[PDB]
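Just one protein chain is left out here, and the rest sit where they should.
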Amino acid sequence: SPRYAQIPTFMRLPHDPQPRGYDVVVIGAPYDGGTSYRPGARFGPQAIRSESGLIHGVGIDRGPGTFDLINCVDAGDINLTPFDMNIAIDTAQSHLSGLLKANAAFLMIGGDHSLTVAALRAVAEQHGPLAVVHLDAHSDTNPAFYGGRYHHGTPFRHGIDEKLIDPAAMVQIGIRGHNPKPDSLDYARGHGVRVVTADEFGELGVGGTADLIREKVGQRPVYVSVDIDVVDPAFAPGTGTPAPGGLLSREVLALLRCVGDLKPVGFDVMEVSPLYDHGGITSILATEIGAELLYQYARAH
Amino acid sequence: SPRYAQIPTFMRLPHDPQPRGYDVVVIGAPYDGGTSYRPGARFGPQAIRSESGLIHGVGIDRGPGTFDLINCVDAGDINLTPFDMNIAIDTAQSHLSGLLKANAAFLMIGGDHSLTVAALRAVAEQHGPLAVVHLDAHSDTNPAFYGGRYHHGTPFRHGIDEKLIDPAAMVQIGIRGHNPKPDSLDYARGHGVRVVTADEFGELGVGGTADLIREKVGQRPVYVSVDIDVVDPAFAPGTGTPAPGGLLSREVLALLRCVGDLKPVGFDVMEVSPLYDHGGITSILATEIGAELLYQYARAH
Amino acid sequence: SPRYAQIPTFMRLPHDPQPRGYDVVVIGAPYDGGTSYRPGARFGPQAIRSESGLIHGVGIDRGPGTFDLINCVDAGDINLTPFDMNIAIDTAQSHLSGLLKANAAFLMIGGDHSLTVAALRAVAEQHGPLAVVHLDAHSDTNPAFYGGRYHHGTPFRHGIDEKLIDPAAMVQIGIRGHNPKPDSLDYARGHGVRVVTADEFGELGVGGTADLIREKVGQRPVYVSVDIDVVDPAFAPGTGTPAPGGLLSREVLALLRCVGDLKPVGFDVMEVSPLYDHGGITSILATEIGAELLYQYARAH
Amino acid sequence: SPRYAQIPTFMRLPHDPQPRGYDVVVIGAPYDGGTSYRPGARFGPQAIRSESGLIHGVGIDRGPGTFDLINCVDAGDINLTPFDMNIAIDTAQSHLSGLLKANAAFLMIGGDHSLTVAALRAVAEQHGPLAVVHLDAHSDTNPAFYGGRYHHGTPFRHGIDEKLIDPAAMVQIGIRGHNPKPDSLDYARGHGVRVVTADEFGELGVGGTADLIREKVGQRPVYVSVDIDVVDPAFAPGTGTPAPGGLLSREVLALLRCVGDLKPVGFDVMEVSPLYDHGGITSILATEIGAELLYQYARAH
Amino acid sequence: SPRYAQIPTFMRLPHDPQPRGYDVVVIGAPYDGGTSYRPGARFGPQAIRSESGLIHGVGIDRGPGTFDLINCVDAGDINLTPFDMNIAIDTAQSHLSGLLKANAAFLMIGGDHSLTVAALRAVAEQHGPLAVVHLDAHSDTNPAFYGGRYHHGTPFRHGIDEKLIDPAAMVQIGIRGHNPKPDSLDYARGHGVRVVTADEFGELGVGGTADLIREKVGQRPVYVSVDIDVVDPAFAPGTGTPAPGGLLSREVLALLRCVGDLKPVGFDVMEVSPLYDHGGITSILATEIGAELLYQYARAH
Partner (left out) sequence: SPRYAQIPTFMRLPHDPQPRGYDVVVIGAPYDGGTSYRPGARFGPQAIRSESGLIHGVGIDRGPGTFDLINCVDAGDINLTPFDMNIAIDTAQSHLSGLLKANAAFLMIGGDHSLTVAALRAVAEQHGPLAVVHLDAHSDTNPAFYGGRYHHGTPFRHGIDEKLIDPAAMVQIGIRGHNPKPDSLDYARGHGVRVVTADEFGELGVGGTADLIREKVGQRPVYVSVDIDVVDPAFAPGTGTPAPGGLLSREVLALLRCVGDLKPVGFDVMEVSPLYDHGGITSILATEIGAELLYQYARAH
């Protein structure tokens, strides 16, 4: 049976709009109301599902395969309105919380990074202050404002302010490019957030960074949020705010292997904007990233 | 609830892999093993479903809307192998026949036009020799050959040879471009098939051609097969064998309105090849064509 | 001096962010917060300006050329936020009103059609109830709702409700496809709006429709709003909600010639979404449409 | 044998870099040194050859097929430098003249329209003042200037000035858009050139225009020059200077049928710029146009 | 003479459909009947030839240039049917064997990787059991099946089973992603095939892997088969089954330098699918890879 046949689900997992009893639920968040530049992330879930036919759960020289170790399912998407930022975030929180009431954790395949604040609220409600591993070209700890409380640059600002995240246990890797202001990282650092710029990542290497993550996160429940623009635009051209000089696909995938040494309670892959993608390579990468996280979840439990 | 949200089905119809009791079942045939030039029609069903979110059943100044008049469903796709032409055609016939055992008719959204021979066999088995309305830039009545019994240029040749079609009640509109040989249409015409070239269509007009169809088809059970390349490449660039100087989108959609004055027992929309499409306009058109046929089915019954 | 050289302005007109004393000001509205399906119209103004280098004011066998008859300028764009629908509409109204305080009229090159409610408010404030010529594939007279008061399907609903438009003097041409509900046009018609579907347009022809417009509009001050999706997706693939079976580019351009026989007090060209465009043909067409309106403005005065 | 197999030649004709004894030689002119806006026409010959696999010489209900009536061949390309306008034009003239020394006529598949002056010089040298049928969205009778003697807007200006063309026997169809100056057509008309704008073409129709051509050309040796941008950008997006509101593909192809009633001594299809093409539909159309001209040549002799 | 001028051949080499006496013949295999996901590799030969204009034989600081050291030619393509897998493979074998009867070796630029079994049969027939250097993201040693004996995942399975390859002298580099089953590599390894995953390649480095190849291949006649998907999708997006986290272009090109220390008797570059390519960079890379192999052939002899 061809992998491009049949209605597309993430990695061809079974479909269940009202999942109950699974370890990890894959949930789509087709929304880009938080994008400040290029929109289009609302089609991310659809594109990612479409290309995921090429990725299975069986790695290489790994065990029996992710899906034989844990029970996963594709719960469809959250009905997020494209007309009201505040309403969409609340709907997201509500939906994500609902999932956690009957399932261990979820993997959000979405639109812009702003939606992560909803995930953090839902996950923190069930585990308490969370440790965070954030892969992004941008810090996403910028101030909100009137008529723009949830732009995709505020997710982790809210997380820290709302005590959803324990800054002393948060590490963001890949920061590069330009800050909106010269003292934009003072906030995150002042709160104890460990910032690893793309430059330092190059000095530390994958192993070095992996050790740093393990040391800063420990065994606290951790949320892994991945902004697709963390990798260089060459590997992920389909995104809203590309930033030249990013990580290689293999570097990111290799790094994520350390997640298996932690206690992940949730993750997401955001900012995929299909329209700007070339040959669907961004969606395919996004899929591979999701697959690696799902497998690491299994290894960790 | 946004139309781009949730797993995509044709026109967002309910999904049921084993449909029973419906008037018309939408079935995908993701296969391009019959394409002689550009492949890719295997992704047609997926692309068409994806863009169909923009098309509803409620026309304009029409009745209550197609889906309140008849019961339709998206039965997913036929598992067609991309490795063996003969096996795929048989699988298609078997699957399509299965659908007719518990449902009135089907609408095949597929890959290349070769698959239509399987539909004709399935439909003819339940209604006897069929009347045919074929929209295509090519006659598709060419000879088969060893190692290529079912290339997309043979569907209606088999239909006539196998007595699945009553040539005296077959009309193909839109023929233009180039025949493989100077006497290529002698076969169809010798059998009594009415050929209306794109040129003559221009002289007859939509109404004139509609009258011709009604007169040649009468009230016999009719199968309506539409090759997307019937319209000019400008309106449908996403197809395997484009042919300049074709019909306008509106001309084809207007023409299909006459189907409501007949007794349709099945139809298909083939040759959509997404990779060559621009802005998804081909898939969107293909969707609109399917919607018009579904509505005409309702009007006819 | 090459037309692709120098910072791009609409039709290479002079730039003046705070214009005063001109006949017609070209103003960009880079916003798509009202789009219900495909976003991207926020880049419309930029793309349209970019490709406008190919279009001059000198027609063919026309007079001395549009720009020697009237004084026009490119006023840049309105700073429209992508984070709040209500705030963007108010900012648009305010900015457009500002322009009318020192200039005769404006030509809004924008994002989604929802922004037209802001233009109608600004224009109506200076001329009173307006006559309207609306070219669109959709009526855009649908009900608003909580958390979505200004989706691009509500502009003319608000116009009528707010008494900004005199329905008895409004004509919309090109309607086709699907209404959200079977009784969706009852509203517009009940108010006396003349609806000319793409089908009727075909029967009436350009001349017939032009006479109808002149008769229904008279000499009342008229606002001409053009949704790029009025033309078939083949001619304008770069738009948010394509609708197959639309008008030909030449048909729309020819029709707009009748504007010179009226008293235009404003116009706009909306819904151009560059990302879905092919070869920039949509932006080029949008430019030509704007040029024709500017010229007709001159002819009318 | 698949049509996409083997090194590509125009319509899969035999290849012969030094042809002798043929009726019509297909020659490529990969050059865009004359383009004033979008470059890229230098790849036109290559793209056109590539897609020509879909077009044969056997029409529909026509005779035995073009290639059984006349002997044609693909002579490869003229080595045209992209660094010097004047040198390229001379090289073109020299090469084209060489072809005519041993073959009846040629079909130039090229780059920008400026190259036609070289063809006119070569053909006029063997037949004397020529009658001309020019299909273009622009008159191409603009003044040359220092450092730009051969921009693609000067071909027919030179033709008339150099007495290569008999203006009283020249007809250009499709003119639309914008003239560089309000009295830009005075030159052509003053010389007796019959200008049929896209607008008038609509009034005259294909038949009416065909009669006009026959009447104005008579039996004088005629050169048929076709600028691909004569058709609307929707049908030919792959060109340097698109002009909205153009002819339909079928209109142009139908019109060219009248060439068979004349005495054609040469023709060309110019301005195809592949990079801006969508789905290769422009190259495919260009191919079909060349095929129709080749067939009409045969019919005329 | 511009490199984009004249009918395109691989690296602008002379053309000869029936070559005799050359060292290396470049032969195209326009076929994708073995692709299991995205088709399109049938256009690989054409696209690769088209872009090869940018690559010459003269390296940098290398000797006199590849083409002055050995005699190469472009033999056109093998007429491979797109309708029957088994017939195409036999035709390929027959054609490739024919070439070896009068020429030293060949470089197959093709479609999907399944075609390599035909090359292995032809080469093994003249040299006996072969040593193999296989660059691919997938092992291609999967089981065949009824109605799919030659899908692109079976080439090296057949090679070993048919004794065309000496597994103890086979090395495949770049394996990554997902195996169809958790014990999928047991077969290759059980036969003594050295598998170097993309991960291990990173540890070994180019030099380390080069030493490993030299040691495992020795001086036995070796066939070098390169699947374009061995490099990360960012460098080669135009392929049927992309696999994130692949090698860098420079890594692969640098690695291939070790071929000059072996005794190459044949090579191929497969899976290039132009439709999914961006800016032709995949075809350009494929060309550069072919050039490096040709040069290494010369160095080795």
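Note that the chains are named A, B, C, D and E in the order they appear, and that numbering of residues resets to 1 at the start of each chain.
We adopt the following convention: a residue touches a chain if its C-beta (ideal position, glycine included) is under 8 Å from a C-beta of that chain, and two chains touch if they have at least 3 such contacts.
Across the complete structure, the visible chains that the omitted chain touches are A, C, D, E. Across A:71, A:79, A:126 or A:197, the residue that sits in touch with the chain not pictured is A:197.
Within the set E:70, E:243 or E:284, the residue that contacts the chain not displayed is E:284. Here the missing chain is touched by one residue of C:38, C:49 or C:176, and it is C:49. Residues 1-2, 4-9, 15, 28, 30, 42-43, 46, 49-50, 74, 76-82 of subunit C touch the missing chain (whole complex, contact as defined above). In the full complex, subunit E touches the hidden chain at residues 2-4, 53-65, 232, 234-235, 248-250, 253-254, 278-281, 284-285, 288, 291.
Where subunit D meets the missing chain, the touching residues are 32-36, 39-40, 42, 81-85, 87, 147-148, 150-151, 275-276.
The rule is simple: only the chains that are shown with their structure count from here on.
To find the repeat of A-E among B-E, A-C or C-D, check which pair has over half of the same contact pairs by residue number; it is C-D.
Subunit B and subunit C have Cα centroids lying 37 Å from one another.
Subunit C and subunit E have CA centres that are 55 Å apart. With touch defined as above, residues shared between interfaces to two or more other chains in subunit B number as follows: 2, 4, 36, 42, 81-82, 232, 234, 248, 276, 278.
Taken pairwise by the contact criterion, the protein chains fit none of the simple patterns, being neither a path, a ring, a star nor fully connected.
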